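Presented as structure tokens, the chain that follows is alone, the form deposited in one PDB entry.
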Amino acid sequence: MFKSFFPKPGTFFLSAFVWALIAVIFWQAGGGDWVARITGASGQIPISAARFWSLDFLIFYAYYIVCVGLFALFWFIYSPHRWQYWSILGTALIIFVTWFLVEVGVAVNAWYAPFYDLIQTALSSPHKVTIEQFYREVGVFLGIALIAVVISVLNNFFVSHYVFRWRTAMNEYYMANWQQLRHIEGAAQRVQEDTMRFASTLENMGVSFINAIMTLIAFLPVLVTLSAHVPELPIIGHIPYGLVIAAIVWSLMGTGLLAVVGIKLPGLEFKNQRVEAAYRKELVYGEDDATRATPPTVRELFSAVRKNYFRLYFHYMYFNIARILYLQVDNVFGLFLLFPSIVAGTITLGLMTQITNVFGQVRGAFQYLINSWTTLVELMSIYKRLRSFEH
């Protein structure tokens, strides 16, 4: 958020947010989809990899380009810079690619149903199927996986170059003022390390947080529209939205409890670090002297470090128990909610698999945020270090 790259930490970000809000609430709720009425938009979506050329996606690509164009060009004219192209357009491109990969995942999850319906029919009545249909299905799956691979590789390349450009920008800015910053202690380590650390950490946390929110906003409507075939739950009975509530509660409980039961560990890690450092320092003093290192004092220091490791080893068992127990129950819990519907003969093998996969992905979309928090802590430490060390 410095002054060199990303023009300002003030009006720029606020303007970005306001323009994003206007665009979003013009599209979704306000219904800009009436452009689809002007054009000959079909309104239906295929299943193969031929989806990403249909008018429904191409209209959105055009709209995104237009919005980003207006926002970027206002800032290009209003207040020039040096790294404006990277700072604006690289961030826009990274956001777009993250959304695209989420859409690819949705496409595959939708493809899982016809295949397993076909396999069930092949197992039950073998005179209705021929092997060419299996070959065709495998063909379409490869058709999706190819574009997934290509986009992923190119995205990794671009992200790495973007990070390095941020680093070189603020390195150049600092070295422009090296003469007046010499005296502040520990300047070399600052300029040589904290730049990369700060840039990489911030970019990683931002990307992960965006990706988690996008996954939730893409995969909740699928459960809402797929819970129509599961009216009755094994113990509760009848509840209007049983699947959605149960999925949210299970995933949230799992992740949140595993997080809260193990909040005390970092303090114990720090205590171990400090005691080990004290032992090291005393040995260093006693090295070249014949009196500093003496059996009683080194014995006391080692007793401290031993007695203080044993506490961490004792506490870690609760975390181990919670983690392993949840990891083992989750294997069959996702299928435990579907027993009365399997018995009554309502869902076919092919909607069991969609449902299981959606459970897995929504559970994996609650794990990004907890990592985002841990990355934020590391970010804040370096932020205070780099803000104190500027006059």
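Note that the rigid core is defined as the largest set of C-alphas that superpose within 1.5 Å between two forms. Positions refer to the first chain, counted from 1. First, how it differs from the form deposited in another entry.
- Summarising the superposition on the core between the two forms, the listed residues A72, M214, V298, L101 contain exactly one with a Cα shift of 2 Å or larger, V298.
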Given for the second form:
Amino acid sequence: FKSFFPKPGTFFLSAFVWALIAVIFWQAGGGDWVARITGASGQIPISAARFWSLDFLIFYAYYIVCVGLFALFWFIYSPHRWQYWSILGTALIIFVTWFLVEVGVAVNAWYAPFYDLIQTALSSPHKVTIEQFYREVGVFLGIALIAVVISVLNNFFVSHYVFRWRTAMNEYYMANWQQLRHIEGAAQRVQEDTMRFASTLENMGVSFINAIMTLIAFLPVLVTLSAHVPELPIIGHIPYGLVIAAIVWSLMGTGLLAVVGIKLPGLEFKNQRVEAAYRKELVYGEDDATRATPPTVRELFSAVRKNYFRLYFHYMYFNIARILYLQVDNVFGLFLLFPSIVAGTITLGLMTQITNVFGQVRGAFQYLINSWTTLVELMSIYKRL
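Instead of the form deposited in one PDB entry shown above, give the structure for the form deposited in another entry, please.
Keep in mind that what follows is only the chain, not its partners or any molecules around it.
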């Protein structure tokens, strides 16, 4: 961190403070202030033309100015020679991660008009025309084309960004190679731990910040869709019944599913430990006739057998919870809507829009169980350095 980041003690803190000041000036007052001055309409089209509308273009100017003010503060205070990749570089990655969420809510808002058109078509033959369907696909391809261009440039940029981190650290380590040479375990602390640190930290950083963004974007649309689901199957009418049930079910994908699988990383460590122990007796067996004695290697293999057999049995418990959850998840999204489907309040557009937002919110809490590898791996690497 000391390399590739200007003073990480006050950086990552002045950034977080500045983010809250900018957000409070936008989402808790203000925001409409600049929008009213410029005369923004305040309406957002479902088409791909939303991304260059006046409402969105205001945010782009605000983001650049706020980052520009933040950059100019650090571009004079403590220059670091990696500013344009450390401060400006990560600002683009945060912004692009937010933009790729707005394309997600754009297609989600597109299912409501598209599938309401399918429902109209199936109810009566030739009530709609074929030319009406093509202009609905032609709108989705506008959003999809934007997502394709931004996503490929996002992965292209972030891959250099993590590589400029290795270039920065190796520049610092090599300049002190005369003292760091004698340290045991080198030539992988500088050759293998540099990438596995930068690559995994960025992966955790974007994934964690993507979870917050996709919850901020998709919880409000669940709330505004909860007006069309007044009642739930078994518990009857409950205020905000849809979002409360959506949150609780989504936690099951990272709660009970993670509780039963918390012992798996512990058992995995023991298996690789006994594998390394088997290696140690095997490597000494090559150089000498003694060691790797056939009575002895039988002991080490009987020790790796039992540790694998215990992992297989414990992973069976995790498989039952995970597989059953996925199978039920195919119909739980539709299960909640049964008292509303029968009542005629929900149309086909909302039924597939509500089903879609369930997956996106589920993919948010997925960034706890699925990212758990990165959270523990970051500390597994930062301790060596």
